[PDB]
Amino acid sequence: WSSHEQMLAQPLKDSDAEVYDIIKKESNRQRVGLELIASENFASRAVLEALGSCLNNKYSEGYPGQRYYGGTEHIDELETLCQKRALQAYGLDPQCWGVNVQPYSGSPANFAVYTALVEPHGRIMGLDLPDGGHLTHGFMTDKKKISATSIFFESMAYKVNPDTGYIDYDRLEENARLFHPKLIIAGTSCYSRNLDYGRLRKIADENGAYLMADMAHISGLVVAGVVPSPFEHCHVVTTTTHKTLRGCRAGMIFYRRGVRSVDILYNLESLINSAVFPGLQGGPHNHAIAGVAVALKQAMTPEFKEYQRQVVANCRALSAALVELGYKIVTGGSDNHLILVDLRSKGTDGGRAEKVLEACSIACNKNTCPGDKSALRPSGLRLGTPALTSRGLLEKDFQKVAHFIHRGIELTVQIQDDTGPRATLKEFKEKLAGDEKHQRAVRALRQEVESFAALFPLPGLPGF
Amino acid sequence: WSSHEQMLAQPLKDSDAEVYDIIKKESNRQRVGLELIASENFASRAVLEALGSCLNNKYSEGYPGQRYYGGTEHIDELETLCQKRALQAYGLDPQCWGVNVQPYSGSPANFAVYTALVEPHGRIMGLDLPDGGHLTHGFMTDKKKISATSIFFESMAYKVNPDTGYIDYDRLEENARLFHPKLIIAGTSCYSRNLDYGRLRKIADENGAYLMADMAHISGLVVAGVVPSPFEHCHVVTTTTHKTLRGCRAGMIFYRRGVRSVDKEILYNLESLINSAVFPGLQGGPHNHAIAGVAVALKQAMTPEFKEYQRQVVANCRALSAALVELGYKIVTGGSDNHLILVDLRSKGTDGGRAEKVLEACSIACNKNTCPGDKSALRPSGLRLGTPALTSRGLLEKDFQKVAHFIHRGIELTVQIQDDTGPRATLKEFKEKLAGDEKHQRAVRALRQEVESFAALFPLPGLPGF
Ligand SMILES: *Cc1c(COP(=O)(O)O)cnc(C)c1O
Ligand SMILES: *Cc1c(COP(=O)(O)O)cnc(C)c1O
Numbered sequence: 015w016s017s018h019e020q021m022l023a024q025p026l027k028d029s030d031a032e033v034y035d036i037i038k039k040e041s042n043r044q045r046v047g048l049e050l051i052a053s054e055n056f057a058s059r060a061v062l063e064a065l066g067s068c069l070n071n072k073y074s075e076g077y078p079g080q081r082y083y084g085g086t087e088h089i090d091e092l093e094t095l096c097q098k099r100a101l102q103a104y105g106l107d108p109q110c111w112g113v114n115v116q117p118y119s120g121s122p123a124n125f126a127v128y129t130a131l132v133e134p135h136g137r138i139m140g141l142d143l144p145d146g147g148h149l150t151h152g153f154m155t156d157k158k159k160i161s162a163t164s165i166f167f168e169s170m171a172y173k174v175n176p177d178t179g180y181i182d183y184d185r186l187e188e189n190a191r192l193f194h195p196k197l198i199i200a201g202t203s204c205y206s207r208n209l210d211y212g213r214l215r216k217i218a219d220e221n222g223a224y225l226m227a228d229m230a231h232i233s234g235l236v237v238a239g240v241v242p243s244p245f246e247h248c249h250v251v252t253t254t255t256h257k258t259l260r261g262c263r264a265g266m267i268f269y270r271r272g273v274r275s276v277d284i285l286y287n288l289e290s291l292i293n294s295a296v297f298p299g300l301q302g303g304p305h306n307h308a309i310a311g312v313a314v315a316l317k318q319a320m321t322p323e324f325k326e327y328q329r330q331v332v333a334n335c336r337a338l339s340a341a342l343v344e345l346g347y348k349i350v351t352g353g354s355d356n357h358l359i360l361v362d363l364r365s366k367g368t369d370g371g372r373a374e375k376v377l378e379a380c381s382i383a384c385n386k387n388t389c390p391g392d393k394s395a396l397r398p399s400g401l402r403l404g405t406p407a408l409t410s411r412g413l414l415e416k417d418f419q420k421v422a423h424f425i426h427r428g429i430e431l432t433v434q435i436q437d438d439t440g441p442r443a444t445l446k447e448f449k450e451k452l453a454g455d456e457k458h459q460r461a462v463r464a465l466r467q468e469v470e471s472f473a474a475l476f477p478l479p480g481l482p483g484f
Numbered sequence: 015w016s017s018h019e020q021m022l023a024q025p026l027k028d029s030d031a032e033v034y035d036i037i038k039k040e041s042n043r044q045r046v047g048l049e050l051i052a053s054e055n056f057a058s059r060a061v062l063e064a065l066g067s068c069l070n071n072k073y074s075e076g077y078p079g080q081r082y083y084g085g086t087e088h089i090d091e092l093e094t095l096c097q098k099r100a101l102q103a104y105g106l107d108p109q110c111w112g113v114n115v116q117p118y119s120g121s122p123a124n125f126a127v128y129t130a131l132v133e134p135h136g137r138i139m140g141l142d143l144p145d146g147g148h149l150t151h152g153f154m155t156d157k158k159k160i161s162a163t164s165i166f167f168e169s170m171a172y173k174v175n176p177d178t179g180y181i182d183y184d185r186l187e188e189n190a191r192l193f194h195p196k197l198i199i200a201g202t203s204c205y206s207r208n209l210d211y212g213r214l215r216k217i218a219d220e221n222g223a224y225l226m227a228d229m230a231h232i233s234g235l236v237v238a239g240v241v242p243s244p245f246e247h248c249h250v251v252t253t254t255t256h257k258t259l260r261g262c263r264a265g266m267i268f269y270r271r272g273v274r275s276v277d282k283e284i285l286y287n288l289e290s291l292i293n294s295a296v297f298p299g300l301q302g303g304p305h306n307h308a309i310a311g312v313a314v315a316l317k318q319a320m321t322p323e324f325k326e327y328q329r330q331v332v333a334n335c336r337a338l339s340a341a342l343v344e345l346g347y348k349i350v351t352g353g354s355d356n357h358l359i360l361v362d363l364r365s366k367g368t369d370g371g372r373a374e375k376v377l378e379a380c381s382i383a384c385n386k387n388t389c390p391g392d393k394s395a396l397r398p399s400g401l402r403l404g405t406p407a408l409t410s411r412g413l414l415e416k417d418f419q420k421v422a423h424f425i426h427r428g429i430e431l432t433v434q435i436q437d438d439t440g441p442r443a444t445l446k447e448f449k450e451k452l453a454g455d456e457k458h459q460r461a462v463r464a465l466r467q468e469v470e471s472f473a474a475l476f477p478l479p480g481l482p483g484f
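Chains A and B, in that order, are what the protein sequence lines are. Residue numbers 15 to 277, 284 to 484, in full-length UniProt numbering, belong to the letters of the first sequence in order. Residue numbers 15 to 277, 282 to 484, in full-length UniProt numbering, belong to the letters of the second sequence in order.
Honestly, the hints are just simulated from the structure, not real lab data. All residues carry an ideal CB built from backbone N, CA and C; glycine is no exception. Wrong hints could be hidden among the right ones.
[Said to hold, decoys possible] Calculated pairs, DSS-like style, for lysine-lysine (alpha carbon to alpha carbon, straight line, at most 30 Å):
id : chain 1 : residue 1 : chain 2 : residue 2
1  : A       : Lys157    : B       : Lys446
2  : B       : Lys98     : A       : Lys98
3  : B       : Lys446    : B       : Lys457
4  : A       : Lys375    : B       : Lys98
[Stated by the list, open to error] Derived coverage of chain B by chain A (criterion: at least 3 residues anywhere in the stretch with Cβ under 8 Å from a Cβ of chain A; other residues may be distant):
id : stretch
5  : 189-197
6  : 204-218
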C-alpha cells in the first residue's frame, strides 16, 4: 500500500545520498592526508562491521547477573566475553581485578569513577591542561569551572617542571598534604614520558587517597608490554577503547577486587558499577561493546604486539629526524607514541604552524610547552605515530614525513616574515588564504604529501 | 614481514568467530520472538550502514563554528545537516529553536540540560519512577540517592492519582509552590496518556522554572503528528533518537532561542549554556558515525511512509487494548493515546513479576511495572506492552489480535504454575518450578513453538547477515 515501508531494507547510498557523499568524501580525505594527531587511529574492518549489526536493537539495561529486561541470553554472552577478553589482554587475575565495559567514551568512564569513589565536592588532583592533562582531570580558571569535573567536584592541578618538561613530583607530594584529595589522577594527554606510578602510589597512600590511572593514550602500548603497566600500583584504571587500542569509541573502568589490609576488602566494584548504572547511563550500546570485544581479541595477537613495537620505534625515528634538523623535542625524547615539538627554536609558534601544516594535508595540533606563558600563543606541536603506523609506515617513511613537516615549518615562517612582527593571527590566516605567492608553495607541498600518502593503505570497510 | 598483519582488512566472520556467532544468534532470537517492550524497535539497514563507516575515525571535538582540530570540512557538513534535519522534521523555525546533536544517548542528554540550566544542588521535579517516570528524572528513597540526577541535583517527585492512573496536576502545582523547582520535567517512560504541557507551563512559569520535556518514548509519534507536540510550551526538549524515532542510540537536546520577555527586551540564553555543558563540560569527542545514523533516521522520519507506520503504531495499540479488555484485563488508564498500555494483572490473580518470566520463556517480551495503586515494588502488578517494534515488522490490527491471544495463554499458564506452587511461595521458587517441572515445561514449549512460527512469518529489518 503506502506499505512501501520496507524503505528499511533500502541501502544508504540510495536512501541518503547527502550522507553517502559525506562519508565517501571524508574517507578519501583520510586516504590522502598524513594523520599525526596522537589520539587518532584507524579501526579494522572487523571492529567496524560489529558497529553496524542488529545488536544496536537490544536494550539490556542492568548487568549480566541482574538485567531489567529479558531477551538477553546473547547480550550477556557478549558483555561477559568482553569483560573476560579485557582482563585477559592486560593479564589480570580476575580474583584481583574486575572491568566495566559499559561507558560510552573516555569522558563518561572517568566521570563515573569520580561519582563512585570521590563524591560531590570531594577533592581531585589531576595534571594541569597546559602541562599535559585532559579536560576531565579537572579544569578551572580564576573565573569559571569549565569541565564537569571541576563543576561537581573540587579539583586542583599539579604541574610539570618548566625546564625539564617533567612532572614535578616533589611539588605534588607537598601540596597534596595541604589540599587533601580523595583521588589523584595519573594519566596524560600530552606527555612523552612514563609516569612514576610507584611514587604516585606513595603519595596517594600517605594521604589515604585512591590512585587512578587514566591510560587512554597508552592503553595500546600497555597491552603489548612496550611501556610499563599502571595496573601494578593503581586501584582503578580507566581508558578509552580507541586511542592506541585502535577500537571504536567506548570506555572501560578497571577496578581492584580482593583484600586490602590489617587485622578488610575493596568495595570498588559495587560503587563503580552502581555509578555507571543506574547512576549515570541508560541502556548500554551493545554494538559498541561488540567492537570493543573484537578489538580486544586483535590486541592480544602478536601482530598487534609488533604494530605496537613498531609505533614506538617510528617515534624514535621521527624524533631523531627532527632533532637532526634543529628542532627541540620537549623532554629531549619520548618513551612512547608521541613527542612535543618546541617550535620556539625555529622562531614560530604552534598556532601558526598547525594551520599551515593543516593546509598541506598534514594533521597535528598545537600545545603549550612547559615554559609557555600564554595559552593564546602556544609554542608547541604534538606529534604522534599510531595512526600512520597502522597504515604501514616504518621508520624510513617517517624520515620522509619529518621532511614534509620541516618544509611546512619553513613555509609558516615565510608567511610570518611576510606578515609583520606585531601580527594578529586572523591576519596570518588571511594572508595564507589570499596571497597567491604563498598559495603556490602550499599547493605544491600538498600535492606532494597526498601522493606520498596514497601509497600506503587506509583500513576500513568497502573503500570509504 | 609479519607486516602481513593487515588483519585490518580481514572481515569479522573470519577475524572474530566467537563474536560473529553471538551476532548471528541474537539476530535470530529477534526474528522468532515477539517484541512488545515499548522502548525497543528495529533500525533500518540505511541507519545501520552509517554506523560502520569511517566517520568513526574522526575527532571533531568542538562545534561546527569552532572546532579544536582540522580535517573537519565534512564532519561540519554532516553535523549541520543533522541539526537542520532535526529542526525540520519537527517543524521548528530555526530562529526560535536550536538543536545540540552530540549527546551519546538519552540519559547523558538529560544530564547535560540539568547541568546547564539547573545547577549543582538546584531543584528539579519529575514524575516518580513507579508512577511511570524515568530514572534520570531523579530517583531517590529513604536511604540512597540512586540516580545521578538526585545526587548532584536536589529532586522531589510528582505522582499520579492512584484511583485514576493520571498525573495529579493539582498536587504538582501545590507542591511546586513550596519546593521551588528550578526545572520541572515533563516526560514519561510508562504512561498511556498525553501530558497536559499547557498546565505544566502554567505551573513552571508561576514558579520561574523551566519546563523541560523528555519526549523520548513519543518522539516518533510527535514527528508524525499523532500525539500533540511538546514544543509548543516547553523551553527545552530532550529525546533519544531511538525509541520510536527508530534510529541508532544517541540523544539530542532542543532549546529555545530568541526573545524571551520584555520590560527593553531579554533574550533566551538557553543555547550557550546548554552547548557548553555538553562540551567541553561533559563529553569528549562526538561519535560521528552515530550522528550520521541520526541524520539518516531523521530523513526517513519526514517521509509519509514513517507517518503511516506511526499512525499504524497507535491503531495497533487500540487493537491490542480492546482484544485484551475483551478478555477481561484491566488497562490502567482504561486506554491509551499512544504506543503503549499498562496492563493490570491483579484482575487475573497474578503479578507482573511472575508473568514477565513465563511470557519470556514463551519468546514473548515485555516487562513488569508497578500500577498506580501498588504498594510493594517487589510485587509489581503490571505489564507494560508496546506496539512500535512489532509494527516495524508489518503486523496489522488482526495480527495483534492473535498476539493478544498468545499473551493471554501465557498469563493463564503463569497462573497454573502459581497455583501449583503454593500461595506463600517466592519468586525464586516460582522461577525454579517453571524450570524443573516437565509438566509445565511441556505447555511452555508448545506455546513457544507456536509464537515463533507466527513471528517468522514477518520480516526483520537490518543489514544482510551482519
Ligand atoms: C529510555 C529513556 C531515556 C534514556 O535513554 P538511554 O538511551 O537509555 O540513556 C530517557 N528518557 C526517557 C523518557 C526514556 O524512556
Ligand atoms: C581522549 C581522552 C579521553 C576522553 O575520551 P572521549 O571519547 O574523547 O571522551 C579521556 N582521557 C584521556 C587521558 C584522553 O586522552
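Cross-check of the supplied hints:
For the proposed pair A/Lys157 and B/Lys446, the alpha carbon gap of about 56 Å is over 30 Å, so the pair is violated. Restraint check for B/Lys98 and A/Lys98: not satisfied, since their Cα atoms lie roughly 42 Å apart, outside the 30 Å limit. Distance restraint check for B/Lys446 and B/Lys457: the Cα-Cα separation of roughly 18 Å lies within the 30 Å cut-off, and the hinted pair is therefore satisfied. A hinted pair counts as satisfied when its Cα atoms are at most 30 Å apart, and A/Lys375 with B/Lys98 qualifies at roughly 29 Å.
Counting residues of the stretch 189-197 of chain B whose beta carbon lies closer than 8 Å to any beta carbon of chain A gives 0, which falls below the threshold of three, so the coverage claim is violated. With 0 residues having a beta carbon nearer than 8 Å to a beta carbon of chain A, the stretch 204-218 of chain B misses the requirement of three or more and the stated coverage is violated.
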